[PDB]
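Asks: Residue-level listing of the chains:
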Amino acid sequence: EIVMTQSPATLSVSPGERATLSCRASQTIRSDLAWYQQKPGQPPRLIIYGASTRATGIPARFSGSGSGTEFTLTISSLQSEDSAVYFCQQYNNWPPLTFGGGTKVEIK
Amino acid sequence: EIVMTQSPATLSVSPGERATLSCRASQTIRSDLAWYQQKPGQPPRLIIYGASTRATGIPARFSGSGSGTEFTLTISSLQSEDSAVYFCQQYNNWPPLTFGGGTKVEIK
Amino acid sequence: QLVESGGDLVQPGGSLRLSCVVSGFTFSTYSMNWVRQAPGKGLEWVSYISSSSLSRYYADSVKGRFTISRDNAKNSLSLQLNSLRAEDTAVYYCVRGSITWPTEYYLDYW
Amino acid sequence: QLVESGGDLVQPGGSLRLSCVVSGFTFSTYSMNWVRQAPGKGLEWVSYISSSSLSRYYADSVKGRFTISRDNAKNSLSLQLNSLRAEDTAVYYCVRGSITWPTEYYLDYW
Amino acid sequence: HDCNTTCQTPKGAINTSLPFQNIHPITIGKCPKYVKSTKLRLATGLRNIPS
Amino acid sequence: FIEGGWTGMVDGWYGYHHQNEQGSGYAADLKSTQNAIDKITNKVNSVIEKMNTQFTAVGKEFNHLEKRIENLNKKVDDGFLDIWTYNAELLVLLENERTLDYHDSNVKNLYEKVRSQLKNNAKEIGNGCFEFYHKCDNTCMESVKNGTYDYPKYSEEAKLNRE
Amino acid sequence: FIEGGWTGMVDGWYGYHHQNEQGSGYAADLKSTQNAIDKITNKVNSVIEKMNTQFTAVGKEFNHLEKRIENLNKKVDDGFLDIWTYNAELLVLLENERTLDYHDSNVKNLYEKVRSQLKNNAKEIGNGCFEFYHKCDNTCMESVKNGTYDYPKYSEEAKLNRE
Amino acid sequence: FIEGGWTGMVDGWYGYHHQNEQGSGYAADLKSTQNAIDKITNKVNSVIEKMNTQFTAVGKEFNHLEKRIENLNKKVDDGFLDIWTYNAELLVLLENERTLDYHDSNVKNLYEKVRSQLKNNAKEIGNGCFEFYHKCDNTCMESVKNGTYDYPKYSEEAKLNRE
Amino acid sequence: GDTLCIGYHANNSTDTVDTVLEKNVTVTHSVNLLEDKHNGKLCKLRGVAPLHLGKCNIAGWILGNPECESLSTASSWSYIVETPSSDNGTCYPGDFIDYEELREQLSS
Ligand SMILES: *[C@@H]1O[C@H](CO)[C@@H](O)[C@H](O)[C@H]1NC(C)=O
Ligand SMILES: *[C@@H]1O[C@H](CO)[C@@H](O)[C@H](O)[C@H]1NC(C)=O
Ligand SMILES: *[C@@H]1O[C@H](CO)[C@@H](O)[C@H](O)[C@H]1NC(C)=O
Ligand SMILES: *[C@@H]1O[C@H](CO)[C@@H](O)[C@H](O)[C@H]1NC(C)=O
Ligand SMILES: *[C@@H]1O[C@H](CO)[C@@H](O)[C@H](O)[C@H]1NC(C)=O
Ligand SMILES: *[C@@H]1O[C@H](CO)[C@@H](O)[C@H](O)[C@H]1NC(C)=O
Ligand SMILES: *[C@@H]1O[C@H](CO)[C@@H](O)[C@H](O)[C@H]1NC(C)=O
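Chains as they are written, first to last, in the entry's author numbering: chain A, 1 to 95, 95A, 96 to 107; chain B, 1 to 95, 95A, 96 to 107; chain C, 3 to 52, 52A, 53 to 82, 82A to 82C, 83 to 100, 100A to 100E, 101 to 103; chain D, 3 to 52, 52A, 53 to 82, 82A to 82C, 83 to 100, 100A to 100E, 101 to 103; chain E, 275 to 325; chain F, 9 to 171; chain G, 9 to 171; chain H, 9 to 171; chain I, 10 to 55, 55A, 56 to 83, 83A, 84 to 92, 92A, 93 to 114.
Quick caveat, the hints were computed from the structure, so don't treat them as lab data. Where is the CB? At the ideal position from N, CA and C, for every residue including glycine. Please note: incorrect hints may appear among the correct ones.
Below are the SDA-like pairs computed for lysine to any residue, each with C-alpha atoms no more than 25 Å apart in a straight line [stated by the list, open to error]:
{"#": "1", "chain 1": "G", "residue 1": "121", "chain 2": "G", "residue 2": "151"}
{"#": "2", "chain 1": "I", "residue 1": "63", "chain 2": "E", "residue 2": "286"}
{"#": "3", "chain 1": "C", "residue 1": "64", "chain 2": "C", "residue 2": "28"}
{"#": "4", "chain 1": "E", "residue 1": "310", "chain 2": "F", "residue 2": "66"}
{"#": "5", "chain 1": "E", "residue 1": "310", "chain 2": "G", "residue 2": "113"}
{"#": "6", "chain 1": "H", "residue 1": "116", "chain 2": "F", "residue 2": "62"}
{"#": "7", "chain 1": "I", "residue 1": "32", "chain 2": "F", "residue 2": "121"}
{"#": "8", "chain 1": "I", "residue 1": "50", "chain 2": "E", "residue 2": "324"}
{"#": "9", "chain 1": "F", "residue 1": "51", "chain 2": "E", "residue 2": "286"}
{"#": "10", "chain 1": "F", "residue 1": "116", "chain 2": "G", "residue 2": "97"}
{"#": "11", "chain 1": "I", "residue 1": "50", "chain 2": "E", "residue 2": "312"}
{"#": "12", "chain 1": "F", "residue 1": "47", "chain 2": "I", "residue 2": "20"}
{"#": "13", "chain 1": "F", "residue 1": "121", "chain 2": "G", "residue 2": "124"}
{"#": "14", "chain 1": "E", "residue 1": "304", "chain 2": "F", "residue 2": "62"}
Take a look, some chain I residues computed to stay more than 10 Å from chain C by CB distance [as the list claims (entries may be wrong)]:
{"#": "15", "residue": "12"}
{"#": "16", "residue": "16"}
{"#": "17", "residue": "33"}
{"#": "18", "residue": "38"}
{"#": "19", "residue": "40"}
{"#": "20", "residue": "47"}
{"#": "21", "residue": "50"}
{"#": "22", "residue": "60"}
{"#": "23", "residue": "72"}
{"#": "24", "residue": "75"}
{"#": "25", "residue": "79"}
{"#": "26", "residue": "80"}
{"#": "27", "residue": "89"}
{"#": "28", "residue": "93"}
{"#": "29", "residue": "94"}
{"#": "30", "residue": "106"}
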């Protein structure tokens, strides 16, 4: 299937600082991608349901962007509430659904 | 359902005299009404199948008229053959079909 | 065109089988109903059945007591009257309904 | 809106019955899937079932060992894990899929 | 007469928003086109079938 | 397909008639009716709205020795008259053909919405009518008309009453 | 839907072909054919009948010093020519598209009349054909073609021969 | 009928989406797509190609004492302008209505090709989708899309998995 | 015996239309695209009254034929109206040169 990886294993910025995460696919996805934010001990929460389109109940702090194989999550101002593990999924090619390993965002 | 009543319980005129019967509904029928003429010992015969439209095999002596709740049967010239009990039915609202009590027409 | 059998009378609490056979009609394209004329009273509709047999109606006054079945291959209509009351003594008639069922239903053949 | 039971743990070679019940969803218009989070690892999709029950998918890593059944009248999803391995110890989650199945399937409710 | 129009023909003023007229070939103003037809009825409704 | 229309149905162009133990009557399918109305209303307006006449003056006056010009002016008026008359007649006939087919299409689509929704819980009988195998009271009739009918809910009763 | 037409069918535009123990051949469905003919005949006549030319005289004569008028007259003739030519070409193409779809619609409706009438007493095979499960002799074929077929009459034979 | 279109389907106007154990994605139905394209392309060209303007010169000059002629010339230009503007607007609207219905018709016909081919080996679910009762791998999906599916081959598996 | 029927509206309308294939089709509702009414009056165009010369023609009015003296003078005219019976102008016999051009210029 489509292999998803995430290079910025650790993203660590001070409170209020702008920060981003990247996701890369081995195959073209064409924006059929979704982003999650997982708090420790919890199931992951969906934050962006399309590669860039924001999920219901999610603040303006998060938005995404992307193209064929490269996708980005932007956090406009990291909050004390946002240290979390972030993940990309894909749904362009999915007998199985697949996910990347995920990365952590932390606050200085 | 729709309650049908007939006020002129007895209509009695001399031979050849013009005579009419009225039918009244508790609810609008909108011409979805039928008239019957019953000879003693017989099933009733259908005379007018619509509120006003004449049934097949019925002479010009009978015709009707009507509106939302009020209907009339006109007998242009009562014949020696016509003493009978007349009835109105309705079919505008009919899980059951309903009929009024019926009235008698007699000859002087 | 239609022959009727009223079932004769029984005392209250008993039951009766009523039956009609039609020869002048297809009895497959037409619905049928029963109308009851008590002596001294007006004309009361009692029950209805469609030709598909899937559709039946009864007057509230007979619900739970009267039932209809038909057999199109025999051109026959059956009515079973259970738990009879004194009030059920009446002349029963079989009436062939109009062909135009969903709109104008005026009981043209008795 | 969704309650999950992980089945507790058994030693390798054994089996477990996992089960979820949903009350906030119709569970007749939605497909469901299982996702497994091993401690210290990323998030792995394991299996999927459509609401018609005619359509099921499994990850290669669990084929021949895991199976899904559901009963829409009970709002419940069942997963049977056979021939368990040490690698199967993980947190299992029930996830309600998107309504727009043939196109965008993004796992919105956990 | 003391009246207002947007189209005037020798038979009298025409007051309409419809595209065609069959009143007269000669007009002054922002007039409907003259046609030789006696009827241009455009259905909007259902085929009307009482039965 | 369907033999004729209904007169008791006075609340819209398209709709349903029902009969059940609790009552009977007619009601419009408002979504279907309103969409048909808006489509057609806009169609009529388009035919009218698209023509935009400039302020003009049609009559012209010519004298004793200007007959060739007068005849040229007539030629122009006659040419325009034939074009407008011919096009106007054909436009109306063509639009009428389509309006009537449009309406017939909508009736069939309404029928299919119901047929697909009811599946095996009702017998399809003909002339636009269905019969339920299971008891279908006022709550049921509304869910069928509204596109919210629960097929599985009645499938047991319906199959038992089928044979 | 259907691969092509029939040449043995020479008594009308639409129809049936049959084969049974007692014979075979083609026959037109006269009600369908005549209605299609009347519809189309009227259509053609409408296109022709609606144009109504006034008695006219097209040519005009201008002299040595009237060139601007002569050119005005030409402008008028050319304008009318382009309008009529363009509209005539499009009208014909548009009408032809619809005539052919009209005919295709009628064929499908004929097919459905039969499919609905036969129900489970015949296998639907394809390319416009059905096969009866029960014996269907000349009397049967006529009742199917005429819309008078008795489904219940043969349902026992047909289901027995189905499996 | 169908809620909306697909964006991953970038190889043609009409097509299929599939998901099976071995993969998923979109592919165009090339025969359907190409025929729709050729039909429409020819339609557009016809609208353009049919008009054939002669070399002309529109402007005319008139003097101080030729006002009636100047106004005649204006009358001619205005008449032609209204005819062309009105006809052009209606032609485009009429053609657009039909182009869009044409496309919708083709989608339904594609659906029916498959429904008729699959028969009882797949559940019809809705919104343009079918589910196979039997395992249907890439070889199977291609035979369904290509019109070469073998119904009998899978009928045993499909009925066993139905109940 | 619960049932449901699908159908369409009927009315008492006698309005018919023609179609390409059929003639005299009765429809429930229709709109008239052809105007066949006029008010029998000569009205103002865009708010301006016509010049009504009555029995005089334009040459009479402009030259001052003795019988056109009674006509009033408007400061602006939207159009000019002459009756078919008009016959007053060029009372001293002779030609009026470019009369038609003058008439055209004065129309408004
Ligand atoms: C005609 O229009 C003018 C405005 O331009 C208005 O004052 C006048 O009252 C209108 N005349 C009539 C008869 O309505
Ligand atoms: C012209 O007709 C409309 C109705 O279509 C009316 O409202 C308007 O007042 C009329 N105009 C005049 C000047 O009478
Ligand atoms: C019909 O749909 C409306 C929403 O448009 C809903 O409020 C109503 O309850 C529904 N009726 C039935 C019988 O489900
Ligand atoms: C076909 O219909 C006609 C009436 O139009 C009838 O006379 C004829 O007997 C019918 N044919 C069959 C086979 O039923
Ligand atoms: C599809 O049809 C082509 C011929 O046009 C054939 O060569 C090809 O093998 C077919 N594909 C399948 C899956 O049958
Ligand atoms: C239809 O009936 C109504 C009364 O209910 C009447 O006012 C109306 O004029 C009638 N229309 C026609 C076309 O006869
Ligand atoms: C339509 O009806 C009119 C009478 O209103 C009649 O003169 C005309 O001949 C009829 N046309 C057709 C085709 O029946």
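Asks: Would you mind marking each hint as holding or not holding in the structure?
Replies: Right, here's what the structure says about each hint:
1. Pair hint residue 121 of chain G plus residue 151 of chain G holds up; C-alpha atoms about 12 Å apart against a cutoff of 25 Å.
2. Of the pairs offered as hints, the one joining residue 63 of chain I and residue 286 of chain E holds, with about 19 Å between alpha carbons and a cut-off of 25 Å not exceeded.
3. A distance of roughly 28 Å separates the Cα atoms of residue 64 of chain C and residue 28 of chain C; the hinted pair therefore is violated under the 25 Å criterion.
4. In summary, the hint linking residue 310 of chain E to residue 66 of chain F is supported, as the alpha carbons are separated by about 16 Å, within the 25 Å threshold.
5. A C-alpha spacing of about 35 Å is found between residue 310 of chain E and residue 113 of chain G, which places the hinted pair above 25 Å, so the restraint is violated.
6. For the hint linking residue 116 of chain H to residue 62 of chain F, the alpha-carbon distance of about 46 Å lies beyond 25 Å, and the restraint is violated.
7. Between residue 32 of chain I and residue 121 of chain F, the direct Cα distance comes to roughly 32 Å. Violation of the 25 Å bound is thereby established for this hinted pair.
8. Pair hint residue 50 of chain I plus residue 324 of chain E does not hold up; C-alpha atoms about 43 Å apart against a cutoff of 25 Å.
9. A C-alpha spacing of about 31 Å is found between residue 51 of chain F and residue 286 of chain E, which places the hinted pair above 25 Å, so the restraint is violated.
10. In summary, the hint linking residue 116 of chain F to residue 97 of chain G is not supported, as the alpha carbons are separated by about 34 Å, beyond the 25 Å threshold.
11. Taking the CA atoms of residue 50 of chain I and residue 312 of chain E, the gap is about 22 Å. The hint holds against a cut of 25 Å.
12. At most 25 Å may separate the alpha-carbon atoms for a hinted pair to count; residue 47 of chain F and residue 20 of chain I meet this at roughly 21 Å.
13. For the given pair, residue 121 of chain F sits about 19 Å from residue 124 of chain G by alpha-carbon distance, which is consistent with the 25 Å threshold.
14. Proposed proximity of residue 304 of chain E and residue 62 of chain F is supported: the alpha carbons are some 6 Å apart, at most 25 Å.
15. For residue 12 of chain I, the non-interface assignment is contradicted: its Cβ lies about 6 Å from the closest Cβ of chain C, within the 10 Å cut-off.
16. Annotated as non-interface, residue 16 of chain I brings its C-beta within 10 Å of a C-beta of chain C; the closest such distance is 8 Å.
17. The beta carbon of residue 33 of chain I is kept farther than 10 Å from every beta carbon of chain C, the shortest such distance being approximately 25 Å.
18. Chain C leaves residue 38 of chain I outside its interface by the beta-carbon criterion, the shortest separation being 21 Å against a cut-off of 10 Å.
19. Every CB of chain C is more than 10 Å from the CB of residue 40 of chain I (nearest about 29 Å), matching its label as outside the interface.
20. A cut-off of 10 Å between C-beta atoms confirms that residue 47 of chain I is not in contact with chain C; the least separation is 45 Å.
21. No beta-carbon of chain C is positioned within 10 Å of the beta-carbon of residue 50 of chain I; the least distance is around 51 Å.
22. Non-interface status of residue 60 of chain I relative to chain C is upheld: no Cβ of that chain comes within 10 Å, the nearest being about 62 Å off.
23. With a least CB separation of 79 Å from chain C, residue 72 of chain I remains clear of the 10 Å interface cut-off, as annotated.
24. With a least beta-carbon separation of about 75 Å from chain C, residue 75 of chain I lies farther than 10 Å from that chain, consistent with its non-interface assignment.
25. Once the 10 Å rule is applied to beta carbons, residue 79 of chain I is consistent with being away from chain C; the minimum gap is 71 Å.
26. Interface exclusion of residue 80 of chain I from chain C stands, the closest Cβ pair being 69 Å apart, more than 10 Å.
27. Listed as outside the interface, residue 89 of chain I is consistent with that label: its C-beta sits roughly 64 Å from the nearest C-beta of chain C, beyond the 10 Å cut-off.
28. No Cβ of chain C comes within 10 Å of the Cβ of residue 93 of chain I; the nearest lies about 70 Å off, and the non-interface call holds.
29. Every C-beta of chain C lies more than 10 Å from that of residue 94 of chain I, the closest at about 73 Å, which supports listing it as non-interface.
30. Consistency note on residue 106 of chain I: stated as away from chain C, and its beta-carbon is indeed over 10 Å from all of that chain's, at 70 Å minimum.
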